[PDB]
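Only one chain comes next, encoded as structure tokens, the form deposited in one PDB entry.
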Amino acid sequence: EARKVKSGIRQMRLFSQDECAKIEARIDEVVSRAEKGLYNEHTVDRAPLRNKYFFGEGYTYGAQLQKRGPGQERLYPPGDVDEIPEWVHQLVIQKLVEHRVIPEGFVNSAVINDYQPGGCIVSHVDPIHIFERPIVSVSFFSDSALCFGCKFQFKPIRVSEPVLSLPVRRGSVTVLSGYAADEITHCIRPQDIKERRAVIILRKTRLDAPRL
């Protein structure tokens, strides 16, 4: 299963320090605008140590699901979340298309996940009924790891030993497909977030993805 996950992982260094510093400033400006109430309601998802910023297409998850279950996550109504920022197209998405990571016109969803030290996201599969593959992630502000096949326990939070631990370094691009994207959860453990880390996740929603 660890070997199976490996076949679906593409990881490469793509962004330089100056490019990360420019984007990390754009991330800091996204956080500032969200704190000023200048984004649409569903653009900003707030949790104690993690903030999610949905552009282009957002999704419901977790406790926002009244009926929890496989296939229950939903996209928001059309045109609800804010459009992908121009700086995301030029700085992040044009670099990925020019380096053949994804086709042009693939990405219609750009989500920025912002983690404070000790933050996490519990094990999950990116909803197969919502998102097409592959899943592209670009990390910022610090180095961390992406873990697979972890079982979470709570009160207090405990995370089982990962099937695979993948270091995700600042400026590196992580791509998930196949088994690593479909047949096993991925997560972030609190111990792996030692400083603030942000990741811009570029995805393609399916033509049949249900909306709220």
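Positions refer to the first chain, counted from 1. Residues that one form lacks are left out of the comparison. The term rigid core refers to the most C-alpha atoms you can superpose between the two forms while keeping them within 1.5 Å. Compared with the form deposited in another entry:
A 2 Å or larger CA shift between these two forms, after fitting on the rigid core, occurs at just one of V163, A47, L166, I157, namely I157. After superposition on the rigid core, the segments of 3 or more consecutive residues displaced by 2 Å or more at every C-alpha between these two forms are found at 68-71, 151-160.
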Contents of the next structure:
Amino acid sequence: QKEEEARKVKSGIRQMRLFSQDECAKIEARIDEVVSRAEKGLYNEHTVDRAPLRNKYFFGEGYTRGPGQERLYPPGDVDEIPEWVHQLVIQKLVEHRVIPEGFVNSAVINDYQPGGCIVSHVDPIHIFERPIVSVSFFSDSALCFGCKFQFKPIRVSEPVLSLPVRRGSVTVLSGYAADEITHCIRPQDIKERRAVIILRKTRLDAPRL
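Can you return the structure of this protein in the form deposited in another entry rather than the form deposited in one PDB entry?
FYI, this one's just the chain on its own, none of its partners or other molecules.
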């Protein structure tokens, strides 16, 4: 089951080292700008989610009381996907045939401090179409799958799979890896500042406030 679930997971994963060090550095400077702007109060209420070791910045579309009861906000509640995201990031993904033109209407920047993390979850299937596309910046890390170990540590202490995520790499989740298994990130795998950009398409018939 474990080696067999790893196979099934790997089946729904795709990765490309798509961004040079130089491109990563250009995008990383822009990510810093977004942090500065948020701090100057320039963004709408629901654009910035601040947690202790994790800040999240929602563009294009955002989502919210009850587990798996995520609801989209009136678009207009979150800020526009900025121009540098479109041109530095989404354009390159469109160019290299990772996703089609017009797919993306949601870009979320997660900014991680050292020892930051994200607990076990599935990207909510009722809000987002598949595939989920993520691009990494500032440093290398790892994305874990099958995150039972975070909650039941006597029985188990390793994930079903651990996937390295390099600076400048693109990770694309679908089928089994996006739908039938959790993913998470461990504090121990974020040794220095990491940021990731998550590019998604919301469902038309996604539930809404």
